[PDB]
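Knowing the structure of chain A, use the given hints to seat chain B on it.
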Amino acid sequence: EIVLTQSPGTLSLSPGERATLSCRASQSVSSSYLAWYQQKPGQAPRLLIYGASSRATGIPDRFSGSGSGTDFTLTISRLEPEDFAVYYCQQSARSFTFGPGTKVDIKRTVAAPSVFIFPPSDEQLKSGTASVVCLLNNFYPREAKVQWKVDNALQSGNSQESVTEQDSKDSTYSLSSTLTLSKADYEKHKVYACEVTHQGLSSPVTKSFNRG
Amino acid sequence: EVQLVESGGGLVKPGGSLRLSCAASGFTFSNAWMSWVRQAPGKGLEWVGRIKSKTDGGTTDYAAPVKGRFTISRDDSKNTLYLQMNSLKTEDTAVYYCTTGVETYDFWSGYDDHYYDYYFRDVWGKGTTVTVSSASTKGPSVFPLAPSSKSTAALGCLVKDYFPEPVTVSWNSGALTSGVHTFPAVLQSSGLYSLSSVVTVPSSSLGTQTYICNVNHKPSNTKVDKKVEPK
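First to last, the protein sequences are chains A and B.
Read in order, the letters of the first sequence correspond to residues 1 to 27, 27A, 28 to 94, 96 to 212 in the entry's author numbering.
Read in order, the letters of the second sequence correspond to residues 1 to 52, 52A to 52C, 53 to 82, 82A to 82C, 83 to 100, 100A to 100O, 101 to 130, 135 to 214 in the entry's author numbering.
The hints are simulated quantities; they were obtained by calculation from the structure and are not laboratory data.
Only true hints are included.
Heads up, simulated DSS-like pairs for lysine-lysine below, C-alpha to C-alpha not over 30 Å straight-line:
(1) A:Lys149 - B:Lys129
(2) A:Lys183 - B:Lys129
(3) B:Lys43 - A:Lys149
(4) A:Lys188 - B:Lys214
(5) B:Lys214 - A:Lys207
(6) B:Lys209 - A:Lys169
(7) A:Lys39 - B:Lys64
(8) A:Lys39 - B:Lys83
(9) A:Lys183 - B:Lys206
(10) A:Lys188 - B:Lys129
(11) A:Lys39 - B:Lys201
(12) B:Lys43 - A:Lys169
(13) B:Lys201 - A:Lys126
(14) B:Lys210 - A:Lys207
(15) A:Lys190 - B:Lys209
(16) A:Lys183 - B:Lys214
(17) B:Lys206 - A:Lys126
Bound conformation, chain B alone:
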């Protein structure tokens, strides 16, 4: 079908460079104005840049936070888009989608004739993730957030000082799922991530039920099962 597949994203040092590629399929790529659009973690959509078709002159435009460091090119013989990123920053850490934007009104003529007479569509990719930091791979540290001896009760596990994302947290090997809140990770100033997973259970249950949090980190291949009990 019609699709855009991004590739090339990964971990880059704050001073390094990286080339993202975007393969197009299913439509006449040479006639479409292409664009790179990024989205930082927990933030909105940010337009990185745009390149026009060879017919319209191939003029390229960039956003202010990106102008002077990023370049965009296209290979019509390969139906491929390229984003060369030089002098990266931590602020450049985001998911980079390759999109077509809103093309001309009659861009999709002939597209699916059995079903449609007039057709309009934009194309987006699944996006590629670019992480820019000076940190290395580090196993997570699981600390038990124990229930209050004062006293419904709440307990949990704090997963601190790990890199990179993601980390999976379960309770009693998935047996406990009600009242469980796994919060989004937070990037510390040291370049390491930290999150916390809490669960609220009846106080009496605290005396008759064992609670074990299971933390799995794929990059470090770490599995830590820690029990949570009052102090």
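This is chain A alone, in the form it adopts within the complex:
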């Protein structure tokens, strides 16, 4: 099996710019067996290019494909508001494998996240479990680091985070992290803190609370 890698992992550009996505193959792939697919959220993959350079029927002219055997390139001459999606390179020689995928998102200025923290409600407390929520609102780029602390003790393995899609108006992202604990472990300690590390922040911003 031939392994396919894509560069870069994320590409940040504005509408009307030139987009270049590179696909690297572990071994030489015949040009007739390489393809480029585009996928949008909640939609089936859409074949953009087949045979490395040939263009599928109905695909706009801005999508162009080039490459040899190890290196291939998908070029979008001028980005459109509908061209911001995920792009995969596929190879049918040897075995059928996909690439990691390159996300193309709208470029904007760096925006620091607004950090909020929510303690568990009394209903959930009497239910028997505690969930502490940390909200990072409106930031860019998507890369952000959330660290939970319970009486200055760094946590691990008990938090799950999820990120929203890029906003159409703000072009910013939002992240929500949930720290789950038992009722006894929540009543043992007092101070609960969420520390955020982001490009738009000079120092990591910490939001903490005390029971009461």
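Chain B only, in chain A's frame:
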């Protein structure tokens, strides 16, 4: 038109099996190499397997995470593809698309002659969802994420411990839509889902506007409207 329709996906226990079917229409199905490709929630595209046409020998190939447990067959008399999945896993939970891949260069000869002389096209289905877990249907628990008494303000609702997906969350019966972020659901280690929907409003508005989050769960047929107020 030319289409591929998947069917058979559903909820299966971690030890169970399931047969997915793919009906083809609009093109000469017997000559095309068919493939199953899956996509896990929030992950990339993963090739499950491929079967060749009867002319090319009908040779079947599978991916490493799937070899030894999955089988692929085809019925040309019914123009149907079949994916039998045995000894499933939670990692197998994904959307399974039935596709044709990139066929030969002159595969679509004669396709739409009034408009095109040379034509190329691949076929994909809308995909079928296969959920593999040992959980049952459970109503969601809505907990109010109340604004900080310290202090723009932010509030919301945490929808935890529900199965399966999806769950719809609105604010003030859809009247409030600005500054609203409904985050993607997260699958807990207990096999239950949990998400949170937040909204940022001016602090002064907190004293003159009531905020109610409405959570709707179709599998459990649950509708919960809960108000969010400071502690």
